[PDB]
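Take a look at this one chain, the form solved without the ligand, written out in structure tokens.
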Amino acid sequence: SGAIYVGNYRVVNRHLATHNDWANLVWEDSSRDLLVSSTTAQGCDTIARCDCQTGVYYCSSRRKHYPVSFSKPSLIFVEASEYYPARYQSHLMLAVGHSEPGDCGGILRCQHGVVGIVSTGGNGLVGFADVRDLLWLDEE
């Protein structure tokens, strides 16, 4: 589990979005595994605006943050998980690392701020849904 809180937005994995998220929907994209809902309180997070390929991510199934190198966001085939069938996921970054389903929502961060959240795992990789292209998160 986990979210990003920027301005009056809450960014979660689409597959972990609650009824309250869907009832306060701003934007959602199944192909990216992202959903954004509206918040009452202002968020603590700063979104990275950059093309870094190194950062640190939180792994809840290890209670640990790991430094990783990761691929640039791309359209990638993802094998079936407990929460999606096998499918193509867009805006996905991969790194070598540990990820189980419940690790979804862990933050990946670089020197510029939050890059994305854990979205995929298995076969010794961790996949992250990028948010650095969602410029509208930073205003309004």
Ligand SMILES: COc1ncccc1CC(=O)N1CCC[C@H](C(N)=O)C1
Second form
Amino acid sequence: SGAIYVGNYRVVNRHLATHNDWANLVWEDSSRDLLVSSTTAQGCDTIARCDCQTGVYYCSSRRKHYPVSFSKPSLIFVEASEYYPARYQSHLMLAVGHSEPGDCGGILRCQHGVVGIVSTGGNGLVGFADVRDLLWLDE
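Hand over the structure of the form solved in complex with the ligand; the form solved without the ligand is what we had up.
A lone chain is what you will see next.
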């Protein structure tokens, strides 16, 4: 699991969004596996505004942070699961790395800050949902 807390927002994987996330919906994108809900107290996570393709991500199946190089945000065909049917998820960055379903939520970080959260995985690869384009998060 896991989330990013920036300002008066909470950023989770859409498929893991709780009842309170839906009761306080701000923005959501099924094809991005993203959901933004509102928070009462002030979040202080810094979002990265960069062009990076190297980062370090947290992996709870190992309790380890991994240094990885990843692709630029794009459309990747994500196989069917119980949360979604066979579809193309947009804004997804792929890296060669380990992951398990319970790892969705771990953050990929660079020197600039928070790049995105773990979203997909399979075949010795791990995918991250990018959040760097969401400029409205800091205002």
